[PDB]
Amino acid sequence: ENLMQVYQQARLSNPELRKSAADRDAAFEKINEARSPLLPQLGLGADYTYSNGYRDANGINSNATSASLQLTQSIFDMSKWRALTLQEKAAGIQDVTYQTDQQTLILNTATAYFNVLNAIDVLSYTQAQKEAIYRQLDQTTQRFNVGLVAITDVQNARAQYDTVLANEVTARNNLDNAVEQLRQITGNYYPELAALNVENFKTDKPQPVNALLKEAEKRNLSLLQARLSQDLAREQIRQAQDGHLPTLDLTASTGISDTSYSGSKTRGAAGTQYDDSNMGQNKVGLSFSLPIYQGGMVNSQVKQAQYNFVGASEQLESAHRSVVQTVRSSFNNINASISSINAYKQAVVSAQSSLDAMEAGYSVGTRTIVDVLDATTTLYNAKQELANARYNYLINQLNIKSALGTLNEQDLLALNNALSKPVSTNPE
Amino acid sequence: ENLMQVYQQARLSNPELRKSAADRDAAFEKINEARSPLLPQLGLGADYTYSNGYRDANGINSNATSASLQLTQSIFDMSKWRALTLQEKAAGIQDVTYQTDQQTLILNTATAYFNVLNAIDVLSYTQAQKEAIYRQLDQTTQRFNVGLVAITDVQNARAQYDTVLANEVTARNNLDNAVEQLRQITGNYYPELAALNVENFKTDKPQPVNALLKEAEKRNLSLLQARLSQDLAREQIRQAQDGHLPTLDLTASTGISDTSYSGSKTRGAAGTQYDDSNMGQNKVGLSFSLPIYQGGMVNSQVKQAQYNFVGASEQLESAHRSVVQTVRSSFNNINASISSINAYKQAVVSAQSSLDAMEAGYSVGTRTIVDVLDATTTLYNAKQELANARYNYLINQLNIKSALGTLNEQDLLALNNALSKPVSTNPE
Amino acid sequence: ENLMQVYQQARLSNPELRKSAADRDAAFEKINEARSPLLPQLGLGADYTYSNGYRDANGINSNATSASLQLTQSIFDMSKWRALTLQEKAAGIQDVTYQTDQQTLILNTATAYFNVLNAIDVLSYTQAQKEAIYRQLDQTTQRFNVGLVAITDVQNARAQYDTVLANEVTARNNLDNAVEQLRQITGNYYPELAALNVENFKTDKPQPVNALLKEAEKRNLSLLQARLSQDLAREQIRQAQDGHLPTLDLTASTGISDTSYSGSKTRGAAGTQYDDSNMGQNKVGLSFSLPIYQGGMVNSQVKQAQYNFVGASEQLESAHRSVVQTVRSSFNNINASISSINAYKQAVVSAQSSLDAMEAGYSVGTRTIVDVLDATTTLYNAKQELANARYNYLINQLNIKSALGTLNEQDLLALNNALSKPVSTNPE
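Protein chains in written order, with full-length UniProt numbering: chain A, 23 to 450; chain B, 23 to 450; chain C, 23 to 450.
Keep in mind the hints are simulated off the structure, nothing from the lab. Watch out, some of these pointers could steer you wrong.
In this list, chains with the same sequence are indistinguishable; a pair is considered to hold if it fits within one copy or across any two.
[Unchecked claim] List of simulated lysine-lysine pairs, DSBU-like, C-alpha gap at most 35 Å:
(1) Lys111 / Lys325
(2) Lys405 / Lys443
(3) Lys52 / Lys111
(4) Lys325 / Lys102
(5) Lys305 / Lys102
(6) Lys405 / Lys367
(7) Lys111 / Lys236
(8) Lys52 / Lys325
(9) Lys325 / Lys305
(10) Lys240 / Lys227
(11) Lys152 / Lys443
(12) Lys236 / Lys325
(13) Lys227 / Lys405
(14) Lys224 / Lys236
(15) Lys152 / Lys227
(16) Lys287 / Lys152
(17) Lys41 / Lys367
(18) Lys236 / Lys367
(19) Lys52 / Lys224
The shape of chain A in the complex, shown without the other chains:
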């Protein structure tokens, strides 16, 4: 099927990405984990407690039975608020990766596709080679059959042929694995897939890396992912800087306290005191806590987070040149890829007229037919080689589109569009 359909099936059917999607979600969910702390704290304990003294305190004993409701709010404590934005930035960062992931599958989506095609391509080529080398070896036999050759002559082409199987075999295997690569990502055995339409494929001189480089710099996701990551730890700078902060928290609870004395010193005058332990109480208010001196723990930590931010600060640079280098990297790849095709494109023509060289050389019976097959084999090679390049240039686009981050399902269609007629994977 065409790449977009190839894609759409995969973009849903792709489990890796699909894992990203979830892995994306749990993040944004964690935001909830983030805020709930900013929520009041509601809960219920209960305890069955019996005090029994074994000493002078003996005889003074009771069943302590109690029920209490409790809620506390975090009065003063921005570190949570800090930590809040942290997961906020986590979400943003974690958000980043998924965005990467789309292109990733996007990227990989095209890859295996045309790979299948390449295997589709090779699978096409090598057979013709076998279609030839068999012949060559074939009549060599009948040269030995005619005795016009010796057995090494006999033998060499024999293996020389069998090496073809040694090729074609692996080819189809590659054919199949071409399948699985796509079925893996996609999840379906795909009989056919769109070949590359040659007349409608224009070699396209790409953009200046200067802008694109700056383009993805606003864009490129890992570089994006780091930047927020640099942004992320930035708060980590200020999370442990929230250890400095004192805390104040809402203190709210209620419940019944029910006691009955027991044992010896439960026995007495009671003085309007000794009675059945039964009541309930209410305690409402705040809890403020200001750390004064912890031993520099919060101090050392800040630097820790601080010096983290440095390496964090590092990673931007470590990332930026990379994304930088990544930029021209893809850039120089496509152009080189541009060059190759124009070479092999020439090359195809080479074999082309070269291939003709057989026919009008064969139809005049000057040169043999197997040779035609030989050259017949050859043309497909560039048609192999060329095709491969024809995929690469398309390949590099996404990588660029990828590295740019500009890569989108529009960068996919431009692939899919030049995809015009399908070819099956079916080895015959």
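Based on these hints, arrange chains B and C on the given structure of chain A.
Same frame as chain A, now just chains B and C:
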């Protein structure tokens, strides 16, 4: 020596594996950790306090002389139970991970093994290459000695030769290399291993992938490791589901309270109250703790695990198609691997008579001896390439077994079967 | 320019390294964290409570007006002491990790360095290739212009040429590539670096592995990093051994207790008791806490660490043979590396006269000029390959130094010594 012991040796001597076995064993301890808390917690503590009022509460003073014994138990908490099953799965996965290293170790031991043969193998080749290529260079000078060549023939011929030298040493390097590969996992200098025996060696047709794939699916351990990985995540959601329940736990304490008052408000008539009095007490019972509202934290927690499982849920599918892939991965390999030998095996035959063609042609002297060296050396290359594929098929054999999960120390034996007579690595 | 500064530059400008230095520095802070707790913990807190009975305890009411100061110290806990040494080792390892990046950075700076030379190198080659291969194609048409060729010669020849173009651009690509490789670590556009000087360049025989291996064993830092890694785990068991001991800690508090009763049971004759009292108090002393039974948790904990150390214990052996391997890894490399140059160095000589053979043959015109271009370009390939091995030996030099751990900014200097006269990367 023999791959079996060679395996068997490093099977023990393998630090990785041994690390694994322990590392596996390490986890299986952790299960204990999980259950531990569900035991009573018996503990003891001591505190020396002195309370001095600095205000109207001044003169309210005593030695705080106190100690007590404390035990604690968990009555109702499922999360601990959750924790209980969790590490069970962790061990469940961890346990799985271990076997992975068997085939892992198993795979390697065979893996690095034949490389010795290869390194041995090629080394055999390249040596004769020098024997061939040198004598050529050897004769070439004889021409320049007869003037029959110029130096250009000579320098290149010499150069032609030297590359041979360049070639060979690396082998011996690789020789040791391939040797050390084994020593690495194994750890013992090995003079000679039993190489493949062309007599026993049998190219062998495997089972249907559709059958194989299922089998490993019951077998392949990473995939197994995957399901438990997923299965592992199963708990976690249920773990995250365990913030709901209240917690009931066993509350027990005993110890002495020894009170000596002090200061002005300790002084007086004492009101039949104030006086260095010293006691000890017991508190035993349950802690029921029912969460009410954490802010849906437990709630958002779950979804976290929820997606968390699903993103894991991907891995199954993610790994399954891949393990499906791997299923089709090597199953192709071996077959194409099969095609390999059949080519070179013929190809050997090709060179075989090719050699023979030489010797006779040299025997009758119609041709030089250098050619025989050429071909003779030439023969080895196939015989060289031969051993490789001979191993590679064998190599892919286990990989399938690994991928299948069918791999075992019996599958080692299968390899261990076609190895007849060892030969050293010592370069002569 | 010069590798030294080139190194020296990125040695600072290297974000990775700099990350490391900080990252190293980051840990060394954490040591502070470890010691911090063993300091007194000075702290302050405030709570506003109001207690209202809703039952017979109703009318039992007051403003809870309270605040206090609190400091805390650890008297006897070794685990903290354990914690103390732990991060010490962590720093101990972390400290080790840092140097790794020196050689790391050191290795790279040299590493990516000569690639510039290579990229420079090959680029020099391929250019002449075009000069050769074009003129060929150039003359070929002249034949087709004379009819002396058909187009098949032509197209292929043209095709033959175009591949050259395909070839070269990648170099320049790689040119920038190799350039950016350096800028990545370094970060500055570099016109020209000093290339290898065939005059100073000396193939040099190393020390005995048996001697070298030991040396790195005192040196190679990952292995060093390993032992501390093991050494690190040493504590942890002992850490896990520290759940045994009781814990004695300094218990100190001061603050005001300001009590204003309220409600019905606040009202009355007060019994010389009920009233708007307000106080402040001091509590100082020790916390002795002796664990008794956690369920063997401490016990099972240890074994965890116990095996944990051993599985780590593997790494030593695991890494040791490997570092042993690495010892034999490159030590072979360099030597085989040596063999490399000796071949190509001759090989250069082979092409050398080979060129010369051409020029004379062209000088006398016995042959075309294209050949000279062919050979002339041909010469570069050796001269091309030459520079590589020339670097590779040099390259392996440091790797050994790294593997040895002997690698340093002096070893950079050794490389920095054979670099005579820089040359730009700018493709002309």
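Evaluated hints:
1. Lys111 / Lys325: both (20 Å within a copy, 19 Å between copies)
2. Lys405 / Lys443: Classified as within; 16 Å inside a copy, 45 Å across copies.
3. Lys52 / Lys111: both (11 Å within a copy, 24 Å between copies)
4. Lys325 / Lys102: both (19 Å within a copy, 21 Å between copies)
5. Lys305 / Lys102: both (24 Å within a copy, 30 Å between copies)
6. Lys405 / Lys367: both (8 Å within a copy, 31 Å between copies)
7. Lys111 / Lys236: Within one copy only: 23 Å inside a chain, 43 Å across chains, cut-off 35 Å.
8. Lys52 / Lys325: both (27 Å within a copy, 9 Å between copies)
9. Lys325 / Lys305: between (40 Å within a copy, 34 Å between copies)
10. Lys240 / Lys227: For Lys240 and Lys227, the Cα distance is within 35 Å only inside one copy (22 Å; across copies 52 Å).
11. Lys152 / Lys443: So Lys152 and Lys443 pass the 35 Å test inside one copy only (26 Å; across, 38 Å).
12. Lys236 / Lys325: within (32 Å within a copy, 38 Å between copies)
13. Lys227 / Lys405: both (22 Å within a copy, 34 Å between copies)
14. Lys224 / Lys236: within (26 Å within a copy, 45 Å between copies)
15. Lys152 / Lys227: Between copies, since 23 Å is at most 35 Å while 38 Å is not.
16. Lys287 / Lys152: Neither. Shortest intra-copy (107 Å) and inter-copy (107 Å) distances fail the 35 Å Cα cut-off.
17. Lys41 / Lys367: So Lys41 and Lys367 fail the 35 Å test inside a copy (41 Å) and across (46 Å) alike.
18. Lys236 / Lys367: Only inside one copy: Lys236 and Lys367 sit 33 Å apart there, 45 Å across copies, limit 35 Å.
19. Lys52 / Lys224: For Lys52 and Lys224, neither the intra-copy (47 Å) nor the inter-copy (57 Å) Cα distance is at most 35 Å.
Violation of the numbered hints given earlier is confined to hints 16, 17, 19; the remaining hints are satisfied by the structure.
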